[PDB]
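**Q** In case you want the letters, here they are:
Protein chains: 2
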Amino acid sequence: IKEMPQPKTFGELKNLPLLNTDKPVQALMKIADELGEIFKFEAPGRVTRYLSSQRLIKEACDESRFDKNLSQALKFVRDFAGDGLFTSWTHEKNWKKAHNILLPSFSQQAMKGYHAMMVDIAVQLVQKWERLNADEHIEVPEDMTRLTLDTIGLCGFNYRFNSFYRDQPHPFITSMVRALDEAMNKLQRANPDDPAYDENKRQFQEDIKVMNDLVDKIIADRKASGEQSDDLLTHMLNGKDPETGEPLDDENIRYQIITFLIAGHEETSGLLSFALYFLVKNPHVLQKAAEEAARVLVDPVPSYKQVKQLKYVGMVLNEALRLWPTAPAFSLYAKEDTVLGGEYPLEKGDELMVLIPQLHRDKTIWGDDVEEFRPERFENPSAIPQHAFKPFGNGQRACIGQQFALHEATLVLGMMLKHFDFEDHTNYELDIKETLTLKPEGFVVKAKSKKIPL
Amino acid sequence: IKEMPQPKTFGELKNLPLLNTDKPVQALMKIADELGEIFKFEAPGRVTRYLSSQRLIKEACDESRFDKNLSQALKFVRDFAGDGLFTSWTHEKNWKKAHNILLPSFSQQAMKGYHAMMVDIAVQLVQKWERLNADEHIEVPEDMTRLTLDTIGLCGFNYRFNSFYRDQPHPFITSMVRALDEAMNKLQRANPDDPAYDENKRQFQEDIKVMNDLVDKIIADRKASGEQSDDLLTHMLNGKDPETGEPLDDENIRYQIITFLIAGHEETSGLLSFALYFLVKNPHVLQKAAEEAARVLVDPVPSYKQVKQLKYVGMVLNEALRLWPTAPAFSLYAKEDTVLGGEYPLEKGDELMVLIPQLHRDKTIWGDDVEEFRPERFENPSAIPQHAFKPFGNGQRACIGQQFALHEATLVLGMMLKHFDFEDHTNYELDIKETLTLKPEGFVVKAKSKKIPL
Ligand code: HEM
Ligand code: HEM
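Going line by line, the protein sequences match chains A and B.
Just so you know, we're using my numbering here: the first sequence kicks off at 315 and counts up by one.
Just so you know, we're using my numbering here: the second sequence kicks off at 315 and counts up by one.
Fair warning: there could be bad hints in the mix.
It does not matter which identical chain is used: a pair holds within one copy or between any two.
[Said to hold, decoys possible] Mimicking PhoX-like on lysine-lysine, the simulated pairs with C-alpha atoms at most 20 Å apart in a straight line are:
# : residue 1 : residue 2
1 : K760      : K328
2 : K407      : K649
3 : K765      : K677
4 : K625      : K732
5 : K622      : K677
Because the hints were derived from the structure by calculation, they are not lab data.
Kindly generate the complete structure, drawing on both the sequences and the hints.
**A** Here you go:
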């Protein structure tokens, strides 16, 4: 039985001011590097324990002992994502109901049905880059975010955000980004009741209304027309939970749609942006990936089956997720009093946070070369020990969108590698911006077209 | 679309008399040198196409298109190795079950637990060499086989073959060697049902009985005693497949044990033998390796972490596997009608053989200096083209023992290089003996002790 370390405190604010940064996950990573596999983090009225080792995280991932917790961040996101899958407690009726309805809509098999819509947006991206002038560059996370948001709009509810037709965001996205920003900013405030925050609060309510109005309108429009499409919305309007026999109500559908849009905008674009960063920094890898894309993607546009053959491209994506998991943390609570790791007593209800970037850097698992970008670590997926690699979370509360995200990312990276050579013309210095997700802020490249027609 | 070449035929026996040699792999390598990257090889009732270029092998390694085939050789080995992992089809229930149960036992993590038992045998080898008198030499494949067999016996099922205490093999080994010899010789026989071979069949049955008797007794004895070891047998007796929830039955366990014993006796001893051959033939490389061993192995016996630090020794082992892969071929079948390399049409079920020593000599990958021994080729795995280097096979049917073999070989080669200087006193001319594996027959060296304690 041992006492847990704790980072530096600030009197009555305890550890809370350590989150007063633009880069809180990176701060927590540095604390983990200093304090080790577990540390206590206290704010007024709450305690969290941050886990960094596979030894401890493997136990936390035992679903008979620990369940998903809504972290303070998720509780704030729940003000606009409601009881959608991501911001639901496992024990809420609407979690299991929506899970049972949507799970078939997100299978590997269901991706055959989304593939054409994914290709539509991917073609838009390739065409944009083909149309750049010689003196121009690509704003990577900006174009990746255009792609990933539009893809989930089209596949999700047959709505075109038309992000490649715009400098600034669609108004809906302006409101979503600002709502996510407020949710994340609230985490740092010592007195959130201060009237200095009244304008933030009003703007938050306005942004929620904008989001709800577009989504609610689309749902109502779809029901009135009776049209049947290949999108998640059709599946949600027709679906019945085999357990309750109930369909999702229109309010719940709206929350799911908002949830999917957030995942597309945030984590998926991050993955792509980091994958391109690691490629341009590791030209042997980029050559190997480009060779695969060239030999596999023999047709003007990729088929579903061809995307499945892009093994090395998938390895690149996994190794990007290892170093910079774009959903960097998830929270758990103890279902009963218990002891973690033979050493750390927990009371029922105690909160754990899994710090995924640190798990992915556990030298006990990965070796001493943890900071190196080496996709060949993933050559033989059989080799990865259990609960060592968790970029999509854990168990029944793992990411429902994992197949969608990897299919999209594999397809897009494949097409990018087929159609262009890339140059890190600025020798970009990695600068990671934190929202809900992580992204390489300011990352720019030049593309030289290989002149291969679509 | 092209006709593929074929070597010389013998009327109705087709190509089969080309295998009527005690060095068939070397014969097939010369055929590849003459005919190029693919050739058809026909025997009465079977056709297989031998591939030698990375260009075609990178396609053959696509698991969506090709699966592991039991070559005629593996079909004969299956008479004593059963539906163990090596001689199973991917679609047999027992393949996936055993695979799921045994993967954690063969992980890089599990090697921490075998390390002490590997050290035990490695110290026996070092001590034997320390005890030679001035005018004596080392019989290299003989001693390496003593070591590798004993290591898997001890780590596999807490059984000591005590090979360092014997000139003549343990009776179990006599039988296993003679069963492997029968299996391989049967390949060359045009009329296997000639009574000329009835003595061979009776001996084959007696040898299988000898092998089964020891292994079934060991399993029974372990179950009776109830004892709990750090060995594969313990994990196989207590393990349950996560998928089916079932344990392995005793028959299957016995096949797994027999399989592991074969791999230790054969391929692993070949690797160490060729590694020492290359080192004594390349004294600058030997020196660089010896310097690394001296810098890293600072304790009387190596720790697990010190072995992981022997990076150049690992590269030496990879460069030995490049030139003389001790499992020199594996077989695949086409899961569907398909076209290989845009040129060679295949029907569902058609067989391919990957001729690994020829793949590893592809000058388009390795460059002009392909016959040179240069460990530095392996400094960066990302610089190696996809599917260029396949000594442990491919995909989900790759060698489960790879981490074991490389840990053992790195350990032993490290300790050899720390404790002794080596002399190629006879200017040995490489003569490769073929069984299931390749070994340098008659390879002898003299060792001069550095007089460093254990
Ligand atoms: C690379 C991209 C993605 C990453 C890294 C990622 C990561 C995660 C993680 C870690 C969780 C677990 C959260 C927790 O335990 O609190 C999760 C849940 C979820 N993700 Fe993703 N995600 C990605 C893309 C997506 C996409 C594209 C969608 C939908 C279109 C999606 C929908 C969801 C949903 C609905 C859940 C909640 C599932 C449940 O608990 O029932 N995600 N995601
Ligand atoms: C103690 C050492 C070893 C053990 C216990 C071992 C075990 C095995 C097993 C059980 C398989 C079948 C895996 C499956 O299909 O699920 C296998 C395949 C293989 N092993 Fe090993 N092995 C060892 C050492 C080696 C070495 C040193 C080499 C080569 C230098 C090697 C080369 C291979 C190859 C090429 C295959 C694939 C066979 C094919 O596709 O038909 N093995 N090994």
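**Q** Evaluate each hint against the coordinates.
**A** We went through each hint and held it up to the structure:
1. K760 x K328: neither (46 Å within a copy, 58 Å between copies)
2. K407 x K649: within (18 Å within a copy, 36 Å between copies)
3. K765 x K677: neither (43 Å within a copy, 29 Å between copies)
4. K625 x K732: The answer is within: 15 Å in one copy meets 20 Å, while 35 Å across copies does not.
5. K622 x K677: between (31 Å within a copy, 12 Å between copies)
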